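Trainee: With these hints in hand, go ahead and build the complete structure from the sequences.
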Amino acid sequence: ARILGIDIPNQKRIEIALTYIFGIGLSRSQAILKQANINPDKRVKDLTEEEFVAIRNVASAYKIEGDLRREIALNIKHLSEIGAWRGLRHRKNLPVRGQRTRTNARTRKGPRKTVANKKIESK
Amino acid sequence: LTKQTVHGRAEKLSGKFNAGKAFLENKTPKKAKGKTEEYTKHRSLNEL
Amino acid sequence: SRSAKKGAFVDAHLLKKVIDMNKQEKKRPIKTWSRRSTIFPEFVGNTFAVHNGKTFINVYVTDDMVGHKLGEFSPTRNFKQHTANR
Amino acid sequence: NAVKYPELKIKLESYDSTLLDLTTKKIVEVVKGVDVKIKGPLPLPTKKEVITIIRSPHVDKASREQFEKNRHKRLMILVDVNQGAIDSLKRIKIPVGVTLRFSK
Amino acid sequence: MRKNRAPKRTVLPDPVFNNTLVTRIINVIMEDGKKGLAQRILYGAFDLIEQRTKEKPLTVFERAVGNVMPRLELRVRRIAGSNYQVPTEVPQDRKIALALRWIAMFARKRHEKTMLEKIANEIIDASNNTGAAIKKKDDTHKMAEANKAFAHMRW
Amino acid sequence: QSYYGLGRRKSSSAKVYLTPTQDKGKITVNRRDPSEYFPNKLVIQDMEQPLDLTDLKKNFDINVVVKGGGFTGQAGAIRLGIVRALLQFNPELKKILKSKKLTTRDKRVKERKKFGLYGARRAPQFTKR
Amino acid sequence: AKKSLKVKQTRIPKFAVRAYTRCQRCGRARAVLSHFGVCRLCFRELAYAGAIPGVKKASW
RNA sequence: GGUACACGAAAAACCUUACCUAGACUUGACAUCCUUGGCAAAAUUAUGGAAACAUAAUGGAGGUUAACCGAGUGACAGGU
RNA sequence: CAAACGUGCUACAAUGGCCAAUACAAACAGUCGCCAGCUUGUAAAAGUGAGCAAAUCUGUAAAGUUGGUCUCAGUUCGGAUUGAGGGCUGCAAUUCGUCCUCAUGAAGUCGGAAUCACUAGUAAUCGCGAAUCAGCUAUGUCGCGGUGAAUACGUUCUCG
Ligand SMILES: [Mg+2]
Ligand SMILES: [Mg+2]
Ligand SMILES: [Mg+2]
Ligand SMILES: [Mg+2]
Ligand SMILES: [Mg+2]
Ligand SMILES: [Mg+2]
Ligand SMILES: [Mg+2]
Ligand SMILES: [Mg+2]
Ligand SMILES: [Mg+2]
Ligand SMILES: [Mg+2]
Ligand SMILES: [Mg+2]
Ligand SMILES: [Mg+2]
Ligand SMILES: [Mg+2]
Ligand SMILES: [Mg+2]
Ligand SMILES: [Mg+2]
Ligand SMILES: [Mg+2]
Ligand SMILES: [Zn+2]
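Residue numbers (PDB author numbering), protein chains in the order written: chain L, 2 to 124; chain x, 50 to 94, 98 to 100; chain R, 2 to 87; chain I, 5 to 108; chain F, 1 to 155; chain H, 4 to 132; chain M, 2 to 61.
For the record, the hints were derived by calculation from the structure and aren't laboratory data.
C-beta atoms are modelled at their ideal positions from N, C-alpha and C, and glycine is treated no differently.
Some hints could be false.
What the hints assert, rightly or not - Using 27 Å as the maximum straight-line C-alpha spacing, the simulated BS3-like pairs for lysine-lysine come out as follows:
#  : chain 1 : residue 1 : chain 2 : residue 2
1  : H       : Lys-60    : H       : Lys-104
2  : x       : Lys-90    : I       : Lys-13
3  : F       : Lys-148   : F       : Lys-95
4  : H       : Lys-117   : I       : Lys-65
5  : I       : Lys-52    : I       : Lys-29
6  : H       : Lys-110   : I       : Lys-51
7  : M       : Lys-15    : x       : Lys-70
8  : H       : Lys-27    : H       : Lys-97
9  : I       : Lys-51    : H       : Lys-13
10 : H       : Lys-98    : H       : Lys-18
11 : I       : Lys-52    : I       : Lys-15
12 : M       : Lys-58    : I       : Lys-73
As the list claims (entries may be wrong) - A few chain R positions that, by computed beta-carbon distances, are all more than 10 Å from chain L:
#  : residue
13 : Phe-10
14 : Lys-24
15 : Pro-30
16 : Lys-32
17 : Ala-50
18 : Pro-76
Mentor: Structure follows, in structure tokens:
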């Protein structure tokens, strides 16, 4: 569309269109929506320039969607440049919080790389 | 062109360390174990 | 996470040694068993020997490591390679 | 003539049932042998607690038995008592199991 | 190894069109134990049928379900390799029941939209002997006709 | 001359009051319109199932008090309640009502969960291997 | 190592959260009924002798 | 194997805990029997302390030793 | 923690997602507790604070009914993972507590060979309570109720 480099679907309502932006989710989209007073359920294609400037202004007032990626990136580098054990745990692509790593937590380990289970000839 | 800096952390957390240190120096040994008290019996025939 | 009213937490044994050790110029590693003490602004510049479980690993605190817990910058277990079962 | 106690609300509870009925019969008989208008020996719902315990010592959680303990409850409210009833109330001797909740 | 024949629960006459069979198909489309939801879905489809076919919904439903009802049933009987099938005459109760089960099963797989229109289209598509349930009935009938020889031996 | 009936089903009482009237029955459940007290999911006919095949033209004013259960269980209670009140006005009605088995407590209640089982009759998955 | 833990449990600890409940007849630590202060396998023996008034077998 | 695998465990941050690394103890943290006295154990405040534990303090309910507080003392206690 | 298996939860959706209004339970538990109402807070919760030693007071029932919207998309599905800010318990939450808010949005569109349970208030499903417990991704265990099915012709095969 016209809001920064994001191309919000044209045939979709504005409150979901704001979610399509990286730095704006759903709850925060409603906050901008209520604050700007623009009524929801108004398809973005059937919207005028008067709303397109106010919404951009409040979005600019909030944290820029493009800066958040580098903000998370600096934070990981900030965590790794300290030498924290949590940083180390985030370092080797493993659960950072307290999640178990015995039989689960594959969403951070990608696909399974099947090895060879021990050979049991009986005892 | 740079708008100086708006980060640096510290300051915000600094107030938190001050709050924690003030608590630690405040610490009063108010050790206790309980709440409501009395009204604890099984009654009788008021004299048997 | 940790509440506001409570604030931070040090055992106050580590705090007393740090105050004494900062005044003394010829500082040496401080042997602390308290992995539970959060790093306070005054800790900056000192070095500590946190008990990993077996030995005392030396950590040099900076103006950046401020805020987390003193045991968080040291490990406790070690795993580096498996072994083919079959 | 006097009262000295209006609305004497006797409450009964016990782990056993037959003893509870027996105590109500004895209480009613004495209190009607004196000049008191008993409202009636009404029954209250019995609070039942159940504890589940595994039979086996080490393994087999599936085999677990159960036990129960019923708190049978009754209510009895006396309108006017007076010394004539109260003094006779001293010689009642309530079997241990029954528990009294005299509320004056 | 049982020697006892199971009892049967009542079928209940329908509450609208007074056609028992409606309650059966309601129970068939049941999912998650929602009696309410299922009635609504089904009843909405008759209203769509009115809007489209301009005829009585009960008559259309009978014309669809009665046309779908099969005649022969193929029971699997293995001896040594594979199974030689055996065509047997299915009872009247099972005839309606099997018809209803197929109607629902091909209805919850159509490319259409909300299952109201989905299920509505299947029944109207089955009143003219051209649909998905029809093909299933056609296939089993042809399989039975092909395996006519072994019908004499059952067990 | 009113009539009283007490039905029950799934731990749900019922107090049905049969009052002679000649100005439309005006079915009523717990001082509220039946269409609002029930999901009106066509459940209203059921309670009237024994009051339909005989008659409702006698315009019996119904005063229903039900306290307990869900909504089908409450409906089951009043049908039995309607039938039990019906057993005081023209004992002939009983015969035909007995036939359809509309004068019997359903006796069906939810079973107790058993230990080692995931429900009344369910059981854990069995793994041999 | 049983006797020392039993004695330590009776003794008051230096922190409130350091206090746990152990069976009073035996020394079993886990599966202790606070309603009776008796572990699950002593409660069975006691219940089968009539020592606890009112605990009868259940039929539900 | 069926008859193990949301099992013992109806609650592993400390405690639990039976494991490892360390800092401390030896008729012992707990008990009896014996010669012998009771004019305490607690808890808490100080200093050193990771805390165990030490050195100083209010010296403590009570009942004259009942229970326990001890000394001496070898049989022994103790072992998940 | 390179991996494998068992038992469950959540899903892959319009028999649905979200929002608003709203009707109907049983059982159990409760004075270091249940906590009503009120005030503050986007919320977890905090403060005030009655009532209840209990058929009295407290522990919001949800599915369900109606209305609005989505219009079949890896999406207003799905919630994982990750970053930050908060609340509670507790000396103490980094190893290793959980809850809330914001941010992100993995896989997954019905699952191969082969397997499990169930014969009515049962299967399926929706909530509620208790035990151990200061607190606890118990989705576990033991209980309670709401809605509520389909099928059994027969012993030829299969297991015991
Ligand atoms: Mg964990
Ligand atoms: Mg032992
Ligand atoms: Mg075995
Ligand atoms: Mg431990
Ligand atoms: Mg003295
Ligand atoms: Mg003496
Ligand atoms: Mg031994
Ligand atoms: Mg389960
Ligand atoms: Mg909807
Ligand atoms: Mg009242
Ligand atoms: Mg995909
Ligand atoms: Mg989702
Ligand atoms: Mg944490
Ligand atoms: Mg699809
Ligand atoms: Mg059976
Ligand atoms: Mg399910
Ligand atoms: Zn025990």
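Trainee: Could you let me know if the closest chain L CB is still more than 10 Å away from the CB of R/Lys-24?
Mentor: Non-interface label stands for R/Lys-24: nearest chain L Cβ at 27 Å, farther than 10 Å.
Trainee: Measuring Cβ to Cβ, find out whether R/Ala-50 lies farther than 10 Å from everything in chain L.
Mentor: The assertion about R/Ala-50 holds, with a minimum of 16 Å to chain L.
Trainee: Keeping to a limit of 27 Å between CA atoms, is the pair of x/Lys-90 and I/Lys-13 held or broken?
Mentor: Within the cut-off at roughly 17 Å; holds.
Trainee: Given the hinted pair H/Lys-117 and I/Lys-65, is their alpha-carbon gap at most 27 Å?
Mentor: Within the cut-off at roughly 13 Å; holds.
Trainee: Does I/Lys-51 lie within 27 Å of H/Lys-110 when you go C-alpha to C-alpha?
Mentor: 26 Å, holds
Trainee: Find the nearest Cβ of chain L to the Cβ of R/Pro-76 and say whether that gap is larger than 10 Å.
Mentor: 5 Å, violated
Trainee: Holds or violated: M/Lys-58 with I/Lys-73, Cα cutoff 27 Å?
Mentor: 9 Å, holds
Trainee: Next pair to validate is F/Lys-148 with F/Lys-95; report whether the Cα-Cα distance is within 27 Å.
Mentor: Roughly 20 Å separates the two Cα atoms, so the pair holds.
Trainee: Would R/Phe-10 pass as off the interface with chain L, using Cβ distances and a cut of 10 Å?
Mentor: R/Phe-10 is indeed farther than 10 Å from all Cβ atoms of chain L, at 18 Å.
Trainee: Does I/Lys-29 lie within 27 Å of I/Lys-52 when you go C-alpha to C-alpha?
Mentor: Holds: I/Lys-52 and I/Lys-29 sit about 24 Å apart, inside 27 Å.
Trainee: Tell me if the straight-line CA distance from H/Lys-98 to H/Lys-18 falls inside 27 Å.
Mentor: 23 Å, holds
Trainee: Would you say R/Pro-30 is clear of chain L, with no C-beta pair closer than or equal to 10 Å?
Mentor: Non-interface label on R/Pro-30 holds, nearest chain L Cβ at 17 Å vs cutoff 10 Å.
In summary, the one numbered hint that this structure violates is 18.
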